[PDB]
Structure formats: C-alpha cells, structure tokens
Amino acid sequence: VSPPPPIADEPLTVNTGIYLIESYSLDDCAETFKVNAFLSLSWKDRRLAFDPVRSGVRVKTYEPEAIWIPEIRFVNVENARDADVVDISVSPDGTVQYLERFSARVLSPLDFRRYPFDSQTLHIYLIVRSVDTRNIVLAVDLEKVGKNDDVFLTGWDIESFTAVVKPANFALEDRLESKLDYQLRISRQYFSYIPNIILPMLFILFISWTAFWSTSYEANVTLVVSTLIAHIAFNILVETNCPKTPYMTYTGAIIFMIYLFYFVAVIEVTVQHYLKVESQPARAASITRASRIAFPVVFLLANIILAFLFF
Amino acid sequence: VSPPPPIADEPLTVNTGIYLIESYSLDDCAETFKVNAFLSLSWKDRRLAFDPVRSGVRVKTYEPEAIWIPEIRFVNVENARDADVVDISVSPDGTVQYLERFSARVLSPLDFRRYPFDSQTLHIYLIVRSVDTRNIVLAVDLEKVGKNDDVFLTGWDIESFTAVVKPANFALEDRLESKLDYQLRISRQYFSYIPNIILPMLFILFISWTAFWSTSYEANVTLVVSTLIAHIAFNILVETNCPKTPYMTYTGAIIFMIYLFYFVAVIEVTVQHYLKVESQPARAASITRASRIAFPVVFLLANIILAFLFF
Amino acid sequence: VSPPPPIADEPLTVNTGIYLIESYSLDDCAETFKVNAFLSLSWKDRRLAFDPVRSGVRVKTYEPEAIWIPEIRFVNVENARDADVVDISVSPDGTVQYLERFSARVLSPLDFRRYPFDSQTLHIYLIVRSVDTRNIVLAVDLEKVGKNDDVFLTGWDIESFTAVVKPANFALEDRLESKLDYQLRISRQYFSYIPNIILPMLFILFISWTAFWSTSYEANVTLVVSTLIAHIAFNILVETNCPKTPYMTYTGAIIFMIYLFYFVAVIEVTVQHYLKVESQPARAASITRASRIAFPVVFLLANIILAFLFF
Amino acid sequence: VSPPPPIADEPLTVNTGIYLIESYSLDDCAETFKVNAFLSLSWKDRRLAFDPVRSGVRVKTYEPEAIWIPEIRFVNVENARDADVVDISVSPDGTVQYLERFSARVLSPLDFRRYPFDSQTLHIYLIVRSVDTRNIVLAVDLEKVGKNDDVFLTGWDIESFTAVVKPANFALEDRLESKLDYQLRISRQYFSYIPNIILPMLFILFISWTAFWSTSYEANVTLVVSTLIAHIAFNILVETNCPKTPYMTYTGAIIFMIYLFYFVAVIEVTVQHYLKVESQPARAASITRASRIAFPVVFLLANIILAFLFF
Amino acid sequence: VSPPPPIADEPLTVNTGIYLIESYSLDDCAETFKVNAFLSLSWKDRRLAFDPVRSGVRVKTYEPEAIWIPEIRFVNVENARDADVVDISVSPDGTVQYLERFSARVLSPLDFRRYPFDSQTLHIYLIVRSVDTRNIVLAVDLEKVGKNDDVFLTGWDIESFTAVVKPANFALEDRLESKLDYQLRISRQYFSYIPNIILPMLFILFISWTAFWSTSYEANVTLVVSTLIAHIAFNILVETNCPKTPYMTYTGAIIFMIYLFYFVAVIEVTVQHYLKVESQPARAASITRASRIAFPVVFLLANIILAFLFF
Ligand SMILES: CCC1(CC[Se]C#N)C(=O)NC(=O)NC1=O
Ligand SMILES: CCCCCCCCCCCC
Ligand SMILES: [Cl-]
Ligand SMILES: [Cl-]
Ligand SMILES: [Cl-]
Ligand SMILES: [Cl-]
Ligand SMILES: [Cl-]
Ligand code: NA
Ligand code: NA
Ligand code: NA
Ligand code: NA
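Residue numbers (PDB author numbering), protein chains in the order written: chain B, 5 to 315; chain C, 5 to 315; chain D, 5 to 315; chain E, 5 to 315; chain A, 5 to 315.
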C-alpha cells in the first residue's frame, strides 16, 4: 500500500487500454455520452515478484486490497466511473496485469455548426497523479485498445476508437500529472432528415409562393400568413428538445432565411395591392410576374451561398 | 479462494437461468428496458464436497465471501446490476446452487420500421470471463428460464422469455469469454392507433379534398391551407416524444405522403384558378373533375405500395 | 443465525402487518406509486425464550445482527425497499416482534377504460422464500394493518387499505414461497374535469354547429375548419403527458366521436353548397334544416350509447 | 446501547431544533420541497456523567455508535433523510448535545384555490417512538429553530420558520409516539402574472368584442373563432406543466368564464346574422348594440363575484 | 482524532483552494450548476511534526482515518459533495497538505432581468464549524485557486474563478463558523438570439402593420388576428422551458409591449372600419395614414425607454 521503488531514478509507466463494450445515451443537449468498457492497466511492481518453481504457479492472482494499484481517474466525467475489478494477474517478474469493467457518463463538447451533416470526436481523458516517493507516467498498449463490433449509437456511424499514444505530462498543485486522450470518432445518419424535416418545410414555403399567380389580396393574405402559421407550427413539431444553440448553425441559417422569405412575400403582396389601388396596375402586374422567378432563384442562390459558407 | 480444479482438462460449466419477476420502464427513445429477476447459477466445486454422516448435515450453506463464485456479468447493461444473494447451498458432491435477485436497465436496439405493427426481441447477454488456472463456460438449463405470469409492459404482448442454448465462446484480451443470449419476445398492442391516430389524420386530409367540389378560390385556399395547419397541429398532438428515427419508418412514409398530398392539392387549386382567370374554364373544370377520382385512387394505390414495401 | 427449530413438522408462520404512514407520487404514465410505511413482523423462535424472573426483564431487545430474522421481500418493486429497523422485542415465550420503517416505489397496473370516473386497486405483494431446514409461511395480523388518517393522493379518494389474509403458497426455483396481497383501493376525485375539459371541448363543437344557420360557404368553411383547429389545439392543452393508452378509453371514444362530427359537418357544408350551385336549393335548404336537429340528437344518443357501453 | 434510566417515573425529553441552511426545488406538481438543514438534539443520560477532575476534560466527544442516541425520524418524507453527524458533546452532568446536517424531500400538501395570490404553510414533522424501558417525548426551544438569511424559493416570500411547541403524543402499534410540527410559511410573488398572463389573455378576449362594431358575418366569424384559437394557443404557452388541479381554482374559474364568453359571443354573431337574413334588421342591430355594454359589464360583475367568492 | 493544540490562544487556520476541473449542467430553471474540482486544504498540527534526519523522509503520507482532518462542508449544495481523497502529505514542521477531488451540484441564484445580455456570479460557499477544544478559521491559498483552461459552459463566457480572501466568521448553533466565498463569473453568449428569436418575432409584428396600407376590413382582420396567432405560436416555439420568472425581465417587457401593439392595431382596424361605415371616411383615412408613422415611431421610442430602463 505504497508505490513500487525505482531501480534508478525512472518514473513508473502504467500501460493503459480501453475496450468499448457498449456505448449509449449520447445526449446532444447535455453534450454527454454514457459508455461501458474494459480498462486494462499494466505496470511493474517488483515487490510482488516470485519464483514459479517454489510457488508452483506461473501467474498469481490478488485482490485489489492486497496490492498497490495506481489511482487512474477520468478528467471529463460527471461523477467517478462505476468500476468493478474483473481480474488482477501477477507474473514472476512482478508485472501486474489489471482489468476492470467501468461505466461512465463522459462530458465531451459537440459542434452543431454543420448539423445534420456533422461529425464529432468524443473524448475520454485518462489521468494519473504522481506521488511523494515517485512519478507516474501513462502509456498506451494498442493491442489492448479497440471496440466491440456490436457497439452502436442510433443515428450515428461509429468510425473509429483510437488513442493519442503520447501523454500530456504537466504540473498540477505541485505534482506531475500524466494525461491520455482516447478518441471516439462518430458521423451522423442524416437520411430521414430530408423527407421528415426539409421537404415538408419547403412545401409550406412553396404554398406561400402561389400568391404570385393570384390578384386577390384576401386570398394572398390568407396564403402567406396561414403558411407562416403552418411553418411555425411545423417548427414546433420538429423542435430539437435541447436549449437553443448559442452559435449560428447551418440548419439555423436556412430556417432564418425561410422567415425572411415570408416577410419579403408579405411586402410583395402588400405592394401589389397598394399599386393596384393607387391606379398603377402596370407596375403591380410586372412586380408579381418578376417575383415568380426572383423568389425561387434568390432562394436557390442563397442556399448555395450558405452551403458554401458552412461546407 | 481460487477456481475449482479440473478432473481432466475440461472447462467449468456454470449452468444458468433467469426468471423474470417484473419488467418495467420500456423506453422506446432510449432503447432500454428495466428488468427485475432471479439469476440462478449451478456448478461443481469438489473442494466443497463433504460426508453428510461426519458433518451431520445433508446441505451446507455458505456466505458469498466464504467460497469461490464465478463473476457473471451482463454485456448490454448501463451500469452493473443491483444484486442481492438470496441463497447458496452446497450438496455433499460439491455442487453449488447459487440464487440471487437483481434489477438492471438493459440496452437493447429497437427496430421501428414496421411501427405500430412491430415485434421486438429484447436481449440480455450473460457473460463469464475465464481465468488462467481454468476456462469457464456457460450453460442454459431451460427448465430454469422463465417469467412470472403477472409480468407486463403496457402496449405490448410478452410472447416468450427464452435463451439460445449454444453459448458464444470467443477470445477477448487474451482470455476466453462464454456469452449466453437470453431473449424476451414482445409484439405491440396497436388497437387504439387506428381510431386515435390514423382515422382523425385521414379525416383532415379528406376535408382538403372537398376543394374539388368548389370553384371559390378563397374557400379553396381556406380549405387546403387550414387543413394543413390542422394536420400539423394533429401531428404535434400525437407526437412520439422520442427524437426522430434516423431511418424511414412505415408511419413516417405515410405522413410524408400526406404532406405531399397537401402540396399537390394546393398546385391543383392554384392551376384551377389560373386557368379560370386566363380565359380557359374548359381545362380548369376538367382538371378539378379528374382530381375527384385521381386523389383518392393515387392515395389508395400509394398506401398499398408502402404497405407492400414494409410488409 | 439459523432458522428456529420446529416443535413438530409445522412451517414457521410470520405474521405481517403494513401501516401506511405516507402515500405519494402516484404516476399514471409509469403505473407506479411511492409509499412510506411500517412493516411489522411476528414469529416464534423458542431458542430466544427466557425466564423473566432470572433475567429481571419482561421483554428483551435485540439488534438485527444478533438474532434470526426472516428475509421478507416485495414482488412488485422497482428496486428493493429503503428499510430502517425501528424495534425488535422478544417476549419470554420466544415471540419476536419486529418493526421497520420502509419506503418503496411499487409497480401496480392501472386500467383507464372508465377515466376519469375510474377506481383502482393498488397492490403491494409481500413474499418470503422457504429455507433448507424449514418452510416459511406468511399470515396477516389485522390489528397491525392500517393507514394514517392524513394519508393522501391529490385527485383521489383513498377508500381502504386491506390485505388478502390467505397467502399464495407455491414453488419457485425448487423452494416454497409464501406471498401476501396488500390492497390500497382508490377512486378518482376529478370534479373540475367537467368545467376544465368537457365544457370548453363541447363549446368548440357547438360553434361548428352554427354553420347550419348560415348559407355562406366561405363563413361555413371558416366555421367548421377553424373550430377543428381550436379543438386540436384544445386537446394539446389538455394532453395527459403520458404515452397514448394502447386500449380504447371512455374519454378516448368521446374525443374520437368529436373528430367524426367535424368530418360529417364538413360533408354537410360541402353538400349544401354543391346542391345550391347545381340548381337544387330545395334539397340544400332541407338538409341544412334537418342537420340542426340531427347533429345534437345523434350526438346526445351516441354519448348515451358510449356511457352505457363503458358503465 | 440501551435508553437512559429515569430518576423517577418521568419520560425522556429530547429538546429539538431545525435550522434551515438551504431550501430548494419546491415542486407544485409533486407538492414536495427539498430542504437542507441542521437538526440539534439535547437529552440527559446520567450514565455518561463524569468528574472533570479525574477525566482531565471539561467535555467528552463520542462517536454515534458509542452511546445511546434517540431514533428521530420525519413523518412526511419520501425516503429517510440523508444525515451527517456534525458533533456529539457530553458535559459532566450527562447532558448530550447532538448536531447533524441533513437533506430531505418533504411532502406537504399545497392549496392552489387562491393561486397566484396564495400563501402556503409547509410542514416538517419530527417523531420519536418510545421504547420498552421508557417513554420518549420531544420538546422544542424556538431559540434553536430558525433559517439562514440567504434561504430562498424563487417566486416566494419566506415569511417565517417556526414550530408548534406542544408535541402530539399518541399511541401507535402499542407504543407512545411524540410528534413535533415545524412550519415554514411562504407567500407567492405574483408580480409578473398580471403583464405576462392576465393582460394578454384579456386583450385576446377584447379583440373578440370588436365584432359588436361590425355587421360583416365573415369578418365576425374570423374575429370570434380566431381569437378562440389565439386564447387556446395562449393557454398552451402559459400552461402550468403540472397535471390539472382536481378542485376548482380562482384562475381556473376566470379561464372557464373566458371560454363561456367566446361561446356566448358566437351565439350573438350567429343570432345577429340570422335576424338580418330573416328580414328583421331592427332586432339584429338592437342586440349588437346591447352586447357592446352587456359583455364588458357582465364580465366585470362576474369577476367581482368570483374574487368575492375566493377571497 | 482530536484537534491540534494551540501554541498560544490562536484559532486554527485552514488554508483552502479550489481548482475547477470541469463545469457542466448549468440549469437556469433550477438555478443550480454541477462542478467537478480539486479541494486543497492546508493546516499545521505540531503533533504530526518530525525530525527529517531521524525519520529519513521528505513528507509522511497518511490515510484520512489515521490523522485529524477538519470537516469542510459547502453551504449551498443540494446533498453533500461526492469526494475522493487524492493525497495527504505531512511536512517536517507538522504542516498537513490535504487534496481531494469532488463533484457537487451547487445552488446559486440567477438574475434574469437583463436576459439574454446578462452576467452571473456563481457562488461556492465553503464552511468549517469550530470544535470544543479550539476555533477553526478558513483562509485562501491564492496559488491553489484556479481553473482548467478547457473548462466550459455552452452559451457562456467563463470570465474568472476567484475567492473573497476575507472569511465570514459568525456564530451558528453556539459555535463559531468561518465561511469562504468562491466566485465564478460568467457572461452569456447571446449571438444567435437576434436572428433566431428577435428578427422573426419583429417580422410577425411588421406583417400586422401592413393593415395600415389596406381599406379591406376582412383582409385587415385576417392580417392582425392571424399574426397574433403566428406570434403566440412563435412564442411557444422559443419558450424558455423554465417556469415563469416571478419578476419582470427585459425580454419579458418587449414581449408584453408586442402583445399591447397587437391590441392597439386591432383598435385602429376597428375604428377605421367604424368611421368608414358611419359616413366619416375623412377621419378614417387620416388615422390609417397617421398609424403608418405612429406605430414604428412609438415602438422604436418605447424600446429605447426599456433598453435605458434595463441597462
Ligand atoms: C385559424 C385559421 C385562419 C388563420 C390562419 Se390558419 C390558423 N391557425 C383563419 O382564421 N382564417 C382564414 O381565413 N384562414 C386561416 O387559415
Ligand atoms: C394555430 C394552432 C397552433 C397550435 C400550437 C400547438 C402548440 C404545441 C405545444 C407542444 C408542447 C410540446
Ligand atoms: Cl473516474
Ligand atoms: Cl452486471
Ligand atoms: Cl423489497
Ligand atoms: Cl427521516
Ligand atoms: Cl459538502
Ligand atoms: Na468470493
Ligand atoms: Na441475521
Ligand atoms: Na447509538
Ligand atoms: Na479522522
């Protein structure tokens, strides 16, 4: 219950590995994800060394309480991980092979600027604090790093689960702290977003555009203002249920542009009727005819400008 | 305590069984279900064998801490199960009869493509990790796999609770792992979905179709656009309260088709009026008369095409 | 720390009592209810019998760890109850009088077919598993069963808290198990249901019926379709916040019937106008006049048919 | 680990005091409030009396396990309080001075009949169960009962925190139980309820009243029915997010009355038009002119009747 | 397991420091924030002093159970913090250097009067209660007060994390209590507020203003009342999801003013039509022409008055 002594003035190397068993509950609002995995740890504690001849065993098993185990913590976790030690195996040279199953709700920022065509890199930061008698440094054993094939996140494609092999060693509260970065790369499954969100939202806008093939101000006011109600009602229906993104998103710019188009279409309908009343039906009919091409063309062009700006 | 020694070079067989006491909280959004059940374990440990004559007992009881018990874990759980050891009984031959009551929130994918006429197979994966001293293999005693008659999930018919007898034995982090798949087959209770969701949604669409028996553009604009608002408002009312399904569902296709029909009906109403105002009432009246049959026929046929594609 | 020995071959009778301190959080969506109560247990253990003369005490008090206590569990709970042992008293004959205060979230199905005039019977199932050396059977001490007068559930009248005195004894995992049924009968007290949900919903329907005293198709389309929107919007306002009931409810049938009446009223308004435009105002006016009586009469009769079917 | 012996046949007096550190999460729907506070207990145990000369200490400190401490519980809590013993000090006469910090979710009924001008008295009931060898009675020293100045509940004015000095001593399951009543008096901050809820709700009603200064049935139908939609939509916006109150509230009566006024205004608009079309414009214009005064006067009077009935 | 003895009659100084690791879950509705941090404590205990020559070590490490550690608690926490002792180091002079990693959901009031241009000061109040044999006072080690550079709150700019070096010493429950205030200053990221909430809300108001360039009462009623519906529907879309603020906010005043403008615009539309129908088109046209300037000017001025009043 004290760290192993150094042979010379070298730090203790704790080789790590994370193997994803299950990944679940990716919360976009909270920017958190719950993960269930193995955490394999390996280090040399020469005090535990033995002769397999005298012992009559080629490997010894210990209880966590019986031996020194490094305090590995996660940097970006809500509460400490719920861990269960699966196995502890000591070889005759004193090499400890530790294995545990943990479940953790990890906090990792998400960038929704390119939503719903966005990709994310989920982080899991391992950390070890160095002690009084010696310094502890983390390492990655790539043979011990991977993910179960059945690992899934509904609406996401799990690209890869890797680790940045080089640790970040730094001083914190007068002690060395070695930090490791485990990355889970995911890309969104945006298929049903076209028929369920985009297409019906465009149909409602297109219905407002039929006021350019009508001279009735009463029918035109009912067209543009009722489609604005239908649009707002449709936005409540497809609402993300997360608090509004403080920054401007791709989908957010399109929806803002759609609100601008309902305002510009009201301005046209109001101008058309005012010119018709103010004995100028030549200008009223020429504006309404221009709008039939101007509205879809300006819309198509502005969407290409946004798509270019965001991608 | 170490694992029991093999008589020959055979692995240790741990006979399992799960008996569902209560099933609750089936979350469609989270794809998780909370279960409370018994987990029975049986294996032979010859070290624990005794003579009932010398001992004066026909069965011995032990505390979990006193004897070797295999570490059985569940693969698809959020956090480790909340377990309470109910009984441990050792017979003179060394047979250990273990029993525990546990509660766990199990993660099981759900396929909503055929919703609300869908059936689901909920999984509970048992797993045991082998040690270096000896290999551990799981077995299913099907007489031990069951469920309480009073077990229920509102809106579902619990068909069966089974296990696939053959375990999935595989290597993971240089050790053998025996995995058992327990299945809970459930089928949805879609009764009230016709009168509460389908019938009122179709009525709103049918009201938009009365514009084919009217020449008033003002009454037709109020018909088709107000029914679109009534439809969107009705969708908000019958909203699933789960984030949108990343894949296209049966119900999702129908609702997309309904949005298309409101757009096509606006196009007709706009064409009818434009042909009437552009001195062509022969073409305007012939289109409106055709729509009276074309709309219900194309709808009925497209539904048959979707029903055929999904089932 | 062994069960008491039988005098003859009789099972151990554990007399139970439950005294409701507080009842709260009745969740209709989850079909669960939280309860805070006393659980009294009484059984005879002749090993604990004493002479009050030699001991100098008429009653002995023990710590739970000092004596044998039967493991009583609840069948229909989410997780095990939060229990705290209040008192353990042993009389000179060996009668143990155990008392504990517990809190538990009990799962009990709810039938909403007669909502909001429904009554429910909430269950709490006690169970004891028999042990190696002897069988354990539950009994009810009616003097120890009851509820605090201040116990309440907002929107419900707590009729009674009783128990089914005869236990359900059966075999489970090769051991006898004795089960007790504790019933809490509650009836809904929703006075405000009529003025807050029914009356405004009927007013919206009655407003659609004013189209029978109007010949204006434009005013009639605005009447029936805007009231349909107002109805749907009112249903969103009075939405139960629980996922839709898989079976058809009383309130559910009325609301379905109301949606049918909005569709039938559109059919009338469409027929009236088509007969008027197709040079038949004799038939148009006779239908509109008939509807003034037919609609309220068919509605009143259909409601009596539903009320008769559900009650 | 036995109660202190009486000098004469007197019960043990346990002096209590609750000091509110933080008050949070007042849930109107659940009728529960989460409180964090100190619980001070004082009682005399002559067995713990000592001579400060021989001991060489003026005060002795003990661990809770070392001495007898009365089992104090709260009656109206969800689960037992989360407690942490802060200090235990024994003076030479045997006086025990116990202090603990606890958090607890207290269940206390709320009366919303006068909402949002309502005041509430939140209760906390301390209770002690008497034992075999002696009776235990609670006492309160109001000098010890208080609250932190920074204690807050958003939207409420915490008037006072007190205790009813006289305990309720009663028999429960053949033992005496002494109960104390702590009371937290709070009154609502209804400031923004006039400009955010009442004022916009009245404006929507007043817009429906402009139909009394119009003869156009088409404009009157659009006025009265669209304001009914705007009212229902506004009620969804200002919805309390708690299930509807089973009893009739003040705000509930006003809103019911507002729904009645939209129905009566439709009846007027329908009568006006029917009298006009049935060659009686003398009666139609006289009703519409009467309504201009009748509607605001009947509204103003009915509100005074409700305000008088509720306050 | 006794506090250290004073050299003279001085109180024990416990030097504190908090180092923010992660900040998450800032709940505006609950006025709580979850934080993960280090808590460093330093105090002198001469009983633990040693000669480094005879002992032969830099610092002596202890288990929390082995030495006296001051009970530091947080004032404004829901439940006690989840703490993990990271390290305890004693230097030759008797200086104890304690370190722990904790997670806590801190309660801190939020002032939304200037929302969404508001800044908040989040508090974490440390407190120590003085003991029998000596008084304990808190201090701040400015070298140990800090925050990780990667600390974030989505939609907020974390300005600073400082501590009020001077503690608040006061009597509580007959004992001295030293309290420290740790402040986390945050300012909101209101960027997407303008295009996502302000601009579409103003467009809906501007559409109602087109009724000043129209004489049609039917088109004007449809303009002002349908935009009121669109506004209310847009408010439901951008609803804060927190229960209503009891005090009047900046955004709250603007939205109240917008509801007043819809009522005043209805009054104009009603007056215009009544003057027109009552043979006075000179006054009707002069009011409608005045409103074209009066409405945007009064709006712009009233907004400047509110902006001045709130900032
Ligand atoms: C309420 C329906 C509405 C106003 C906007 Se739709 C909604 N909500 C209306 O009242 N009058 C119309 O002529 N058309 C409409 O669609
Ligand atoms: C014009 C009718 C608009 C209907 C508004 C419905 C508001 C839905 C609120 C849903 C909360 C999840
Ligand atoms: Cl951790
Ligand atoms: Cl598990
Ligand atoms: Cl239980
Ligand atoms: Cl308690
Ligand atoms: Cl704390
Ligand atoms: Na064991
Ligand atoms: Na026991
Ligand atoms: Na004690
Ligand atoms: Na200690």
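There's no promise every hint is true.
Treat identical chains as interchangeable: a pair holds within one or across any two.
List time: in silico BS3-like cross-link candidates among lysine-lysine, alpha-carbon distance up to 30 Å [to be verified]:
{"#": "1", "residue 1": "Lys151", "residue 2": "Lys248"}
{"#": "2", "residue 1": "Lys64", "residue 2": "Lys148"}
{"#": "3", "residue 1": "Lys48", "residue 2": "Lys170"}
{"#": "4", "residue 1": "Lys280", "residue 2": "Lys151"}
{"#": "5", "residue 1": "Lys148", "residue 2": "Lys280"}
{"#": "6", "residue 1": "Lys170", "residue 2": "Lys183"}
{"#": "7", "residue 1": "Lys64", "residue 2": "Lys151"}
{"#": "8", "residue 1": "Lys38", "residue 2": "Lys64"}
{"#": "9", "residue 1": "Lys248", "residue 2": "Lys280"}
{"#": "10", "residue 1": "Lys48", "residue 2": "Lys151"}
{"#": "11", "residue 1": "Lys64", "residue 2": "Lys248"}
Simulated from the structure, these hints should not be mistaken for lab results.
Now the hints, each set against the structure:
1. Only between protomers do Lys151 and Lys248 lie at most 30 Å apart by alpha-carbon distance; the minimum there is 26 Å, versus 33 Å within a single protomer.
2. In this assembly of identical chains, the alpha carbons of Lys64 and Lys148 lie at most 30 Å apart only when taken from the same copy (21 Å versus 36 Å across copies).
3. Only within a single protomer do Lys48 and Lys170 lie at most 30 Å apart by alpha-carbon distance; the minimum there is 20 Å, versus 39 Å between protomers.
4. Neither within a single protomer nor between protomers do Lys280 and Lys151 lie at most 30 Å apart by alpha-carbon distance, with minima of 69 Å and 66 Å respectively.
5. In this assembly of identical chains, the alpha carbons of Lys148 and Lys280 never lie at most 30 Å apart, being 77 Å within a copy and 75 Å across copies at closest.
6. Taking the shortest alpha-carbon separations for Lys170 and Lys183, only the intra-copy value of 9 Å comes in at or below 30 Å, while the best inter-copy value is 35 Å.
7. For the homomeric pair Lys64 and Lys151, the shortest alpha-carbon distance inside one copy (28 Å) is at most 30 Å, but the shortest distance between copies (41 Å) is not.
8. Neither within a single protomer nor between protomers do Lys38 and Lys64 lie at most 30 Å apart by alpha-carbon distance, with minima of 34 Å and 38 Å respectively.
9. In this assembly of identical chains, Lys248 and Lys280 lie within 30 Å of each other by CA distance neither inside one copy nor across copies; the values are 42 Å within and 47 Å between.
10. Taking the shortest Cα distances, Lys48 and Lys151 sit within 30 Å of each other inside one copy (26 Å), while across copies they are farther apart (34 Å).
11. With identical chains, the CA atoms of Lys64 and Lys248 are never at most 30 Å apart, being 55 Å at best within one copy and 52 Å at best between copies.
The structure is inconsistent with the numbered hints 4, 5, 8, 9 and 11, although it conforms to all the rest.
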